[PDB]
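One protein chain omitted, others in place.
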Amino acid sequence: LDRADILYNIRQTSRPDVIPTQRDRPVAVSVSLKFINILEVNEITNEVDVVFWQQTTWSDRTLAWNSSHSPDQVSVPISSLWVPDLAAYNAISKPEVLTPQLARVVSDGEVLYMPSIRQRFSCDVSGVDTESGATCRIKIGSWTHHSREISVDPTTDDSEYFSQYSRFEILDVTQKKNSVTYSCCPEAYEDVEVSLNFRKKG
Amino acid sequence: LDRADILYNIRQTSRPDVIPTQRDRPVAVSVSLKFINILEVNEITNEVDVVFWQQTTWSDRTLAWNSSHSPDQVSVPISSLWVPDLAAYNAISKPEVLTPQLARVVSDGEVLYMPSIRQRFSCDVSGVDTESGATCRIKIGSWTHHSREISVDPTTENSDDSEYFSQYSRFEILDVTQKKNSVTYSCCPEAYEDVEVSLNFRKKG
Amino acid sequence: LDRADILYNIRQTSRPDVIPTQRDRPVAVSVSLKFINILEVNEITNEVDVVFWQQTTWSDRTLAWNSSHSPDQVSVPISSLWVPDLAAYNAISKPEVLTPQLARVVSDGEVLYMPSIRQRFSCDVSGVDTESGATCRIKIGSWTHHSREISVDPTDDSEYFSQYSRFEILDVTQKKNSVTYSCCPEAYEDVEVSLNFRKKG
Amino acid sequence: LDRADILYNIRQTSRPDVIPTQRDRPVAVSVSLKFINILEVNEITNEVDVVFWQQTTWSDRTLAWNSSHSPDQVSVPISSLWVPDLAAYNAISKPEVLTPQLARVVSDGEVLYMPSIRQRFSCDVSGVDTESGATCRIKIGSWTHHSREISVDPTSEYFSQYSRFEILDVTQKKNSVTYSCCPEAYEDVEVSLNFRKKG
Partner (left out) sequence: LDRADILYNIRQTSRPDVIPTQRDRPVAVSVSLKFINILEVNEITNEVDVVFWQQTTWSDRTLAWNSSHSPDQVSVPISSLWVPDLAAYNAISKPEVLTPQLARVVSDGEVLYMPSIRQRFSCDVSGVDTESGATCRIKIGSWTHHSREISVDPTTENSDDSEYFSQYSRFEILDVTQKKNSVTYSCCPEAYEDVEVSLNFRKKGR
């Protein structure tokens, strides 16, 4: 198989609408935010404008191929792949995807989608101008798939990719996993809560 | 049937353009707004900028499948489904859908669609910076289907509903009420149903 | 015929690019604007931001069906229909369509399309703060079809106007016009909508 | 042939991606701007926001039909036609097309496309508040087709009386430019808009 054959096969047979659950197990989705920039902060409105790497990982075995004498990875448009229906619960603008919308697919069926995203959020901006800084929390989870269909899990220097030219600096980033039941649905929905501790530079 | 078969079948036979009236009855559409945020308010122009979840429910039997030994629910892109043509009459921007545009479909044909939407409305902002607050009314109904084709009703509430509102808003919600109306417009002979959602809110002090 | 059959037929024989003229007569298009709101007015720049329902009506016999024992109306996506190529000549933004883009089609072939639209126009804003108000004129006609192909005609002044606007409507009138531009031999029809409005006391 | 047949034929055979050269002669494209409005002018940044009709004309013989007993013109979506790949070199926003994107096609293959466009340009705004006014130049040509493939040539009265500005004069010049990156000449039309603020 060359890349042309692999991509032809994926295009003809991937079902982008079909969640790739195996044996009534959930699809395990890894989520991790790498902050690139903090562009605007409003301590009165409690709004922030940030740019982050949304590093997203999952397995889809229907994509797998024998790579014994073949490329073991290809890049694939996400329009030809199933992708998890993740959303930030406290976002107040839609995600502005800054980068080409291609995922990397490994021959064992591992998919890695890592777009750079600019988005506005409602969160706690108090303390942004102090030693301890502000802590803005961002919840991301599957919009329509409960915990028996999609599980989300944090994977893991916090400023590695953070712009040195921002007016802000990152003090710390922590992630944590949540299982929430909402009074109107019987099942639990998982999210990752990302806490960004940052402050205005001096 | 596995999920792949169910979604294949739906994709091949949905008929997204066809309102699923059963016999000669209206499609019963449930609608309810859960407010997530109030972002901007202007008392001189009587405009508000708001984020809400638009909880929407209806039945489409053409989607039903035998779930005896199968998944009883799947997620489906709304582009593959008939969806009610709802609109807010006093909206002054088009809905900005913040979330993935997927509905949940149950094996008995029940459809649940709930996008998170940011939108601007024209409404009564007077009193917002007082203790009794302002009362903004949002009117939602089918744009082109009269009452014999689509009926709209509020869903019954959850104890949780008041708690999706952001604690970080400059504003706080005092109360949310809903009400069903049937209006006849001068341009058209039949009645059109809407739900009016009254949002009583004020600036935090 | 049920609705599924009607909509299948419309979709399958869908000729959205083909103007439905009958017998070498023009397609008669009705248009009227129902003003919903006036959001922003600038008397220095002579610009207004408005919300209106664009009530549009025409006949397309290729859509017709025998409704003797069938629904006599269906809702149809305008993407599956021919639609007159109307434009406001003094618009300075593209139309922002606020509603689902569905038209109502009657079994005799009549089509009724009435979207809510937000749009900005260049027009006379002088006198908006006076008692007689300003009069803003909105010119609407077919962009590319002359009078032998499309004719345009008019279809309560504030039955739908928002009570929460900073403005009030004093009067709305419509005149028809037929214009031969220096660019083309044929005449093009338009409707002129005059909106007389003022800032509330 | 009725309109339905003509439009069916065009939709099936028009090759929107294929430049309609005949006998290795350039496609002759006429372009002219009719100014409708000047909305915003910035003396700080040297930017102007203007609305114009972009009157564009060319011949595509593959569209032609026998019109002896048929309509001699139809309106056609530009998505079904080859369109010259014109761009304004000093534009700083993409063209906002205000009107239905339909062209008029004549039975001999002549195409006439004239959208109303709102667009923002970088140009000389100095003098906008004097009697002599400012002169803003807009340069338009084919982005990727040189002079042996596309030639461009020139083809007040529609200007809004409600603009804060008035037009003193519009002139049009044609140029043939060779750029560093490329061996062939590219043609453009330069439109000079002499305008001023009304007092």
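In this document, chain identifiers A, B, C and D correspond to the written order of the chains, with residue numbering beginning at 1 in each.
Going forward, a contact is a pair of C-beta atoms (placed from the backbone, for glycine too) under 8 Å apart; a residue touches a chain by one contact, two chains touch by 3 or more.
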Options A:76, A:128 or A:134, residue touching the unrepresented chain: A:76
Sole residue of A:45, A:59 or A:116 that reaches the chain not shown, by the stated touch rule: A:116
Chain not shown, touching residues in chain D: 15, 17-19, 21, 44-47, 85-87, 89-94, 122-125, 143-145, 179-181
Missing-chain contacts mapped onto chain A: 3-4, 7-8, 11, 37, 39, 51, 55, 75-77, 80, 96-100, 102-104, 112, 114, 116, 118, 160, 163, 165-167
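Everything below uses one rule, namely that only the chains that are shown with their structure count from here on.
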For chain A paired with chain B, centre-to-centre distance based on mean C-alpha positions, whole Å: 27
Chain A and chain C: spacing of chain centres that average the CA atoms, whole Å: 44
Set of chain D residues in contact with two or more other chains: none
